[PDB]
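One chain of protein is taken out of this complex; the other chains stay put.
Going by the order they are written in, the chains are A, B and C; count residues from 1 in each one.
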Amino acid sequence: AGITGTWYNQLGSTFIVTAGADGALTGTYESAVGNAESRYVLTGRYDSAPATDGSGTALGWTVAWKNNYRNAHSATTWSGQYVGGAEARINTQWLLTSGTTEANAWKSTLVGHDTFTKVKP
Amino acid sequence: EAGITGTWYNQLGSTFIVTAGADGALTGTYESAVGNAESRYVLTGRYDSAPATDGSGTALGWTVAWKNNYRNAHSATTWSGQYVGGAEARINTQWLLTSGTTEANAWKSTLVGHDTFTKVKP
Amino acid sequence: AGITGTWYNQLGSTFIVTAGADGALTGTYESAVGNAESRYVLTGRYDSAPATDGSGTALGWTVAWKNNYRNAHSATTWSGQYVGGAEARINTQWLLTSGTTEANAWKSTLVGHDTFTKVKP
Partner (left out) sequence: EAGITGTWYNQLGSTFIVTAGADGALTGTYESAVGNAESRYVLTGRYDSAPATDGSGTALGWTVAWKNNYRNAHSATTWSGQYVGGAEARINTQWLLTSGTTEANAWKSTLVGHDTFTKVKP
């Protein structure tokens, strides 16, 4: 019934988001992996007037991995599309950049892919 | 966060206007020199508000959805990178641009690249 | 029983490969998608002495999309790992670069992910 809701990726991370009428994404992310505990703030944007031809809805969001419990000195962005239907899905690719010195900046950024559904593990 | 807050440009001639809040928020507007884009677009992101002090960059990311009250490309970009302070401040990024597609075309939905931003003097 | 064999990705593309003893990958690729028909030459490398701790086997390969039938003026590289087991798998991330002018070089490279098994569709 839309982007707003509670989503889970293939690792069991929990993505709770609200899609504002004019394109805002606002919520929290709890990661099952990495140097992370509890919830982290997220913010992003989505296409609030998608095509009407069967295409998905483009979107993206960011988390910086600092909260009251931990600071990993890193940030992830997810870029992807929402696909509506009986089992709604958000398919993404992500970039996780850690703060580095300039000379190790070559090993600063991990890449991967996450797919989200509203099915709770 | 004084360092990040300001006006920036990338190697394509795009410009990025941003304000870094005490809570880790990035807000502002983006004007792209390339692609299916005109005028300013809203951006929103996050940064590490308590970075290391050991000669590391400050991790940050932001998103633009390419819809404004003038044009809609049905697409969104995220930039992931780090701010490097000092007199010649830079934001070094890699980005992902996803277009809305049909399922059969999803394999060709996402472009990747890298942008370098240089800060300019208010 | 190893990297050598016939593999299929989630799109139904066919990847036929031989893993040489000292690290070569040599074979053909037939793509179910894009500006492609029939087989294309591939070449790559893999770790011919992987860790013995349960880790996967790192690898990569390239196809340039020119054969006797078509030339798309593009090339893909896949980077990933082989995971042995009862349903062996190769998990990859890929980059597809098209030849462009310098000023459109910003839109030259697509990214995605392919997972391969030996199960024929």
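Operating definition for what follows: a contact is a pair of C-beta atoms (placed from the backbone, for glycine too) under 8 Å apart; a residue touches a chain by one contact, two chains touch by 3 or more.
Novice: Specify the residue from the set C:1, C:49, C:86 or C:119 that touches the hidden chain.
Specialist: Hidden-chain contact among the options goes to C:49.
Novice: What is the set of subunit B residues that contact the non-displayed chain in the whole complex?
Specialist: On the side of subunit B, residues 94, 112-114 touch the unshown chain.
Novice: Using the touch rule from the top, list residues of subunit C that touch the missing partner.
Specialist: 23-25, 41-51, 53-66, 71, 73-81, 83, 91-102, 105, 108-109
Novice: List the residues of subunit A that touch the chain left out of this view.
Specialist: 11, 33-34, 95, 106-107, 109-112
One rule holds in what follows: only the chains that are shown with their structure count from here on.
Novice: Identify the chain pair with more contacting C-beta pairs: A-B or B-C.
Specialist: Counting C-beta pairs in contact, A-B comes out ahead.
Novice: With chain centres defined as C-alpha means, what is the inter-centre distance between subunit A and subunit C in Å?
Specialist: Spacing between the chain centres: roughly 27 Å.
Novice: Quick check: how many Å separate the C-alpha centres of subunit A and subunit B?
Specialist: Chain centres of subunit A and subunit B, defined by C-alpha means, are spaced 16 Å apart.
Novice: Pull out every residue in subunit C that's touching 2 or more other chains.
Specialist: 111-112
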